[PDB]
Amino acid sequence: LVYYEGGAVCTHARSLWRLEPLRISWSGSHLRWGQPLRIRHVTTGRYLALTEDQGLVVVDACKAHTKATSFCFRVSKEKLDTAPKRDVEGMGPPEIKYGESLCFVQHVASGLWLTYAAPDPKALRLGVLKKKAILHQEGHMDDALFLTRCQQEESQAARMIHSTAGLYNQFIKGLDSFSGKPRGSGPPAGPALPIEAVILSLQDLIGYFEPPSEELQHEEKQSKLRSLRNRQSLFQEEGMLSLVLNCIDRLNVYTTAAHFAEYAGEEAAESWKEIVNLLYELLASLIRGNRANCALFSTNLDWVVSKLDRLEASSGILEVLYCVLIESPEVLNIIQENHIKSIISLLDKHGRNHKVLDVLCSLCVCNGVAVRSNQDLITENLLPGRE
Amino acid sequence: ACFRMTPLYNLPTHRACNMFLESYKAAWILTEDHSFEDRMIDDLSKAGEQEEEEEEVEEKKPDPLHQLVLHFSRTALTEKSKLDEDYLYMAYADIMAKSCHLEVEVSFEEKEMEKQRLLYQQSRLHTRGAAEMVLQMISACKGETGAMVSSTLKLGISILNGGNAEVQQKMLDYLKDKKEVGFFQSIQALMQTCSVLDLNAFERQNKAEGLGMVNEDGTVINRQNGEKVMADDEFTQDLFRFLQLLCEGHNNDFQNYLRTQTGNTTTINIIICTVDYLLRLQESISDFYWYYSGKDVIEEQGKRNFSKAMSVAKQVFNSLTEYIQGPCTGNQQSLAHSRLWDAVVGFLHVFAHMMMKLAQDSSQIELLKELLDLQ
Amino acid sequence: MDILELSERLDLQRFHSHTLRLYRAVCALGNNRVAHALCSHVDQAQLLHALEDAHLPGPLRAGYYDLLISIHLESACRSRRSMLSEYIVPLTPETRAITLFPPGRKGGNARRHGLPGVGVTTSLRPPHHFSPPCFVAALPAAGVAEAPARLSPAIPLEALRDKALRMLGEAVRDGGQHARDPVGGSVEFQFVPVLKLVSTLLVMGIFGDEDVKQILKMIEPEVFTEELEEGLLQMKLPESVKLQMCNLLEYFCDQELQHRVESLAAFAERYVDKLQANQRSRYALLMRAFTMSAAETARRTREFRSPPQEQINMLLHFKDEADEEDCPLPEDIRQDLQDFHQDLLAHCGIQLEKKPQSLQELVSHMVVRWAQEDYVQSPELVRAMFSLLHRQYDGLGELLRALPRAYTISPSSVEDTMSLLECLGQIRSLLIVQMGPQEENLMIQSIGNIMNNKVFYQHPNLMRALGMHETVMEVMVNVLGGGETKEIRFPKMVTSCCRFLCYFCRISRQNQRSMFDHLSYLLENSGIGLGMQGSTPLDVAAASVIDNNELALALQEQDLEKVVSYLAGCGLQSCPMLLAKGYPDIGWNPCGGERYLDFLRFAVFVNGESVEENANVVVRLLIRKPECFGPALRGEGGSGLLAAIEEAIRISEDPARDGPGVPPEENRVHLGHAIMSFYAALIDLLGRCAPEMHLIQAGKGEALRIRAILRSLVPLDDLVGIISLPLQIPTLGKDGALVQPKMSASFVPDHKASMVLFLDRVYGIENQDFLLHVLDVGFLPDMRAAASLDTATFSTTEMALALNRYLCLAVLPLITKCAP
Amino acid sequence: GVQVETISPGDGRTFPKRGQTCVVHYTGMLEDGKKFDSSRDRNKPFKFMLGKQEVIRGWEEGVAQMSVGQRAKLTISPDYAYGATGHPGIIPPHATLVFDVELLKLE
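Heads up: the sequence lines are chains B, C, Z and X, in that order. Each residue of the first sequence is one higher than the last, beginning at 244 in PDB author numbering. Taken in order, the second sequence gives residues 3634 to 3736, 3749 to 4020; the numbers are from PDB author numbering. Taken in order, the third sequence gives residues 1648 to 1874, 1922 to 2046, 2088 to 2397, 2410 to 2567; the numbers are from PDB author numbering. Each residue of the fourth sequence is one higher than the last, beginning at 1 in PDB author numbering.
Heads up, a few of these hints could be off.
[Said to hold, decoys possible] Using 30 Å as the maximum straight-line C-alpha spacing, the simulated DSSO-like pairs for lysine-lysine come out as follows:
| # | chain 1 | residue 1 | chain 2 | residue 2 |
| --- | --- | --- | --- | --- |
| 1 | C | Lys3658 | Z | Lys2447 |
| 2 | X | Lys52 | X | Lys17 |
| 3 | X | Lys44 | B | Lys584 |
| 4 | Z | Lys1968 | B | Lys365 |
| 5 | C | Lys3821 | B | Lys467 |
| 6 | C | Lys3658 | Z | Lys1930 |
| 7 | B | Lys584 | Z | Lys2221 |
| 8 | B | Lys375 | B | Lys365 |
| 9 | Z | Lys2447 | C | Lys3731 |
| 10 | C | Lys3658 | C | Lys3679 |
| 11 | B | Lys592 | X | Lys34 |
| 12 | C | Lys4002 | Z | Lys2013 |
| 13 | B | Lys340 | C | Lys3823 |
| 14 | Z | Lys2360 | C | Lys3852 |
| 15 | C | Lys3852 | Z | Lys2297 |
| 16 | C | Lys3693 | C | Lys3824 |
| 17 | C | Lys3693 | B | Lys340 |
| 18 | C | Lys3693 | B | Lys464 |
| 19 | C | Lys3679 | Z | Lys1930 |
[Said to hold, decoys possible] Listed next, with one range per pair, are the computed distances between beta-carbon atoms:
| # | chain 1 | residue 1 | chain 2 | residue 2 | range |
| --- | --- | --- | --- | --- | --- |
| 20 | B | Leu262 | Z | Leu2307 | 40 to 46 Å |
| 21 | Z | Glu2388 | B | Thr294 | 54 to 60 Å |
| 22 | Z | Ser2154 | C | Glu3879 | 53 to 59 Å |
Note that these hints are calculated values from the structure, not bench results. Built from N, CA and C at the ideal position, the CB exists for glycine as well.
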């Protein structure tokens, strides 16, 4: 469903659309008034359409048959209907400007106008500032739309979000295909997992979210930090963090590579450790330095803590915990004695690793404010033993 | 209570000492003058005895003033939600600004000498990154009014006075290479936060000054707490003076850049923003005139509010004139298609009626002169 | 193994350094109990050994120095540094003896500067408190969060400072020797820890005059002589050591500023005595002026008819030499002030050679030389040097900005001021710790001790200069922001802070104005104060404007809009913690509505007269958001006010609709009582928004329009019907026990008093027939009931007292007005 | 719960009495052998008055059985000590404490 929404949505990836004219050659030419084109949602890959049942919706590519998904921009709502303009072989005459031209979106086949649905009262108390977008015969006087440019970084991020979401959803459903179906002495009996594609995508994303080097100069380092924060926020707002968590959980229901092979086969299980390590590294890259993303673990912290004893990705899980604790005081305010005892057991069972000490240090003070509960719990559960 | 009040010699020693401290700092320390800005800038502008090697070090590591400017630029470029208050930057910005001006038939020789002296004093700053620091701080304030942005604007005016073409070129080049929208977003927000005349606040102030209240420890004679009518008049004046100085000398490139920013992802029309503020100011002035139309003589508070509004209007008119002079045909067309005509119609109405009203009593001749020069 | 083997076992070295980091973290920011626990793991002998150990690896040396500071010095140093920014100077003979320059013969305008940090300082600073670390002491019978807060573990400070001085001298000599094996592996590791320790002890005030002289000799042996040894400032140190030197010089600059403030206070003490003696004499001979003068004696005695601040302003108004006629002081008295002004300017280095000869020139030259010798890469170091340089260049400006925090007190108030400073120190120390039960006990006891102090009430100017209301506001906004929507913890501390701020407002009008500067800042936090009962941020904001015409007039319209928006929200969605307790879900929140309405009442009514500027805005906002009027007075499909009151009475009489139906909760909320309380508050607010009779007879259009709108909102028949409703009267029966109504769950005379106020101010009584019609239905039965209740048994009952208040505040004055 | 073993004999006649300050040097160890307190690393004798219950029970009963100048080893049962709670961060719960006490002088 399509809505007119304001606020933080103006900087998110779900408000990005791609204008696709009904031709391949010179599809990048200047847009013209009355030129038929499709409108495609970048992150979801669905095309704006007018259906006989639900009206104005976004449909999949298999249902965009140029009659429901043909729109045009018109300078005014007057029923000109002069003649069908013939396309030229070139850039053509430049007509529609960014941020200055007021455009009216009209469905070509039906002639309806894109407008809001005039939300019913008693819905304002709910805080619903969204207005449903509908196609109407008349519309309103304020139906004109401004076309605003999108940054290359944001466009690339949105397309990457689309592709990554598709790939990881395919991987998740492949994992769920044999969730409780042992293969025995036979094939897993299902489509092959996209192991190589998932590994390459994880590596590409890890390199995409790499923090800027400390040897860079101050101005470009700050610019790169700003871009990294924006990309992390976009990916988080599109649910990629939750998608990574789902992949991690579904791979984590298996204790080891042989246990995974008992269900998916040896050829798939020989990449299980690599994939889980890459998933933890990607999660750390997504949340590193971003307080908004780190604050999401203030509700699910046992999810991270309970995985500290896992032997395949101990360093990655510890790094995720460190990144969470460094940024979010909300997570510090929920730390409990069992969490601290688990972190101490990490020392006891993995040896003298100074990163655990750093994690414990971060548990005490954040942004110049001390947590007496954490300090006392660490002092009580670590010092008197003298071991 | 005047006839029964307590003499000073009966007060407790500590109370009298506190009163003496207040009086002494008010009348003896504040009144003291000590010009150290020029001496500080001269001391910081010297590189100390590092010229006995003259090797390929010609990178020429910054002198102390340059390092201070770079430090302030660094703290301005840090990514933060808000621009925090910084008394050190405040004080050093005031020092740099006061270092640059240092100012009945002046002859041409000493006129040009004053011009070259001002040019050199401005060069001492804009050869060390002050012009970029000003823009970075304006962008970092993100359109939040405050003493930090006021100090930044005063420094910008101080280094742009007289229409310094070199500083204008440096600022324009920096803006065009950075292609950041934060600068003009902050400028637009600041211009939208500028206030105009408020009749409700004027009436509240009239009632407050009519009540005549005093304090506990002693008795205050009509305390002069902050004016709430056009409180930020000096800030509005310095903002529009900065915008005018960006275009001073008929800088066609900057006049066009204020109207449209080609390289940026989004564009803000500062000319139209100025027209909008002029409309709001004109409406406020018309409301004030309607308030005082019935009364025969305007009192002192109304006269002073009228004078400060007129000064703000003078600055806005000068800014628009600097936008369009040269001429800048794009700015001329943009103004011709704006509500400038409506603002001028309202101003003509106010001008005619205020001249006719003020001409009937000689106690308002100064206000009439101010109105005439505004016309 | 030997700990010195960690110079080659790098993994163990890193792990142990991070262990020391964790030791510092667990006891960080005033965790004295954990510091006492840590004293059992790294003991004082180990710490003192590690300080002097020359073969320790650099990380371990720095970690042990910082561990000693954290365990034993961090809390005291922080508490002292917080107090070092204020100058409360007692008027004692030691203070009187203070002079800007030492007694000398260099020059009359200015002698030679004394050594910074050396001399007599009398500004009040609370002493340090330490507890001996002992782990055989009996376990306290007091439970947690009730035992007194632990103090920092004690370590011999004299021995520590002697060791630190000796170590610093040895380090200076070693750096002069230019050895190839510096202690700790580098010059940074050799110097930074020792300088940190010395700076901490200097701030704490451990060092005496001789120790300070020695430190000055190490810093610069040539500049700091009173009348290879190369000093620290000429040894070409790295940037960390430069930053530590900047800290030391910042301490000495602070000492110079404090000396200037104290000298100014001492001169104030002497000059005030001289001025008072001269003024008494002048008044004495002025009382005989009629024998040789005329009516112009008023000009001479105008001094004695002017506030003492203005008297002293005029007495000091002789600086520019064009004001030598109005000032009546003799030239001999004027000369003392002029000489002190000249010597103060000289001491600030205004006006009156490779050797700097003074701290100001030394620091300025050092900073400029450091900046022009290399491109400094540490932003912290750069900010430090430039702050230091600016302080040297503007000494008069530094003093001028420091004076507002300077205050002089009588020597008899020193102990009470010290106690207040201690309590304020405990309050400030808890700005850097997450909020808890022990911290709540400390907040409550500190606020109580402050409020029981006579200084807090005798010196509102001092309590304002100390930033105490800001600190209390900061802690209370912290606790409110914690859990700002679901549940507020530590309500006892929240109401302690709120009551403290209300009393702070009540002390003086200047305090009230300072609290008024945060009016919107309180209102924005007042949205979630509904669940809390007692003193609230809304109560503080109301107390910050009550009975103050200036603050009422200066009230911004945005604040009133916010309050009305909160009221409208209360009038549409039920109260959530009321819902969570099983109460029936009516479509509004009368309890919250009432407490917003009383704030509006305080905003629109001052000193018995209506503030029309606020009243018009409030009425306009209320009509623009009609849901503020309750489910009744809704217009379409809404019942009348009298019908609403009767429905509320029925609800009160019927349980399972008045309460949860599971005081029983000690603050039980009864829905019917809440409803008529809300409507009474609304009617009272509207009546107080009514224009004054003078504005009415003047024919002002705005006043007439507002009165017409109010009349349209509330009908006279409904007012009279509410006034005419019967009240439950305490009767006797069933062995003679008193059957008294529950005043918290029943119709009460205040609800009638609000209607009477509205009737008087809006409609008024103008005709005899209407006056008698009101009397014989609404007033006379209430008077008869009150007269009946004046018996031996019923006289002191709550209902009888309420009826007496209702008659003597609403009914009888109205009748007295309608007597003709 | 106090067990006193002599290390070096005292004078043998002077004994502490209620209301008399005992100046001692001690070294506290857990029964595992881990040191946790000692007044000699602070170079300051520890003073306490018998009967005021300023110290744990084991010290009050243990030192009372000592003479001036005697060095003795006290093994304190946990219930004659910090017990189930235990000094947090210092002494674990249910800890038997071993002390090396020397009664320097009575004052």
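Could you work out which earlier hints the structure fails to respect and list their numbers in ascending sequence? Violated hints (numbers, rising): 1, 3, 4, 6, 9, 10, 12, 17 and 22; every other hint is consistent with the structure.
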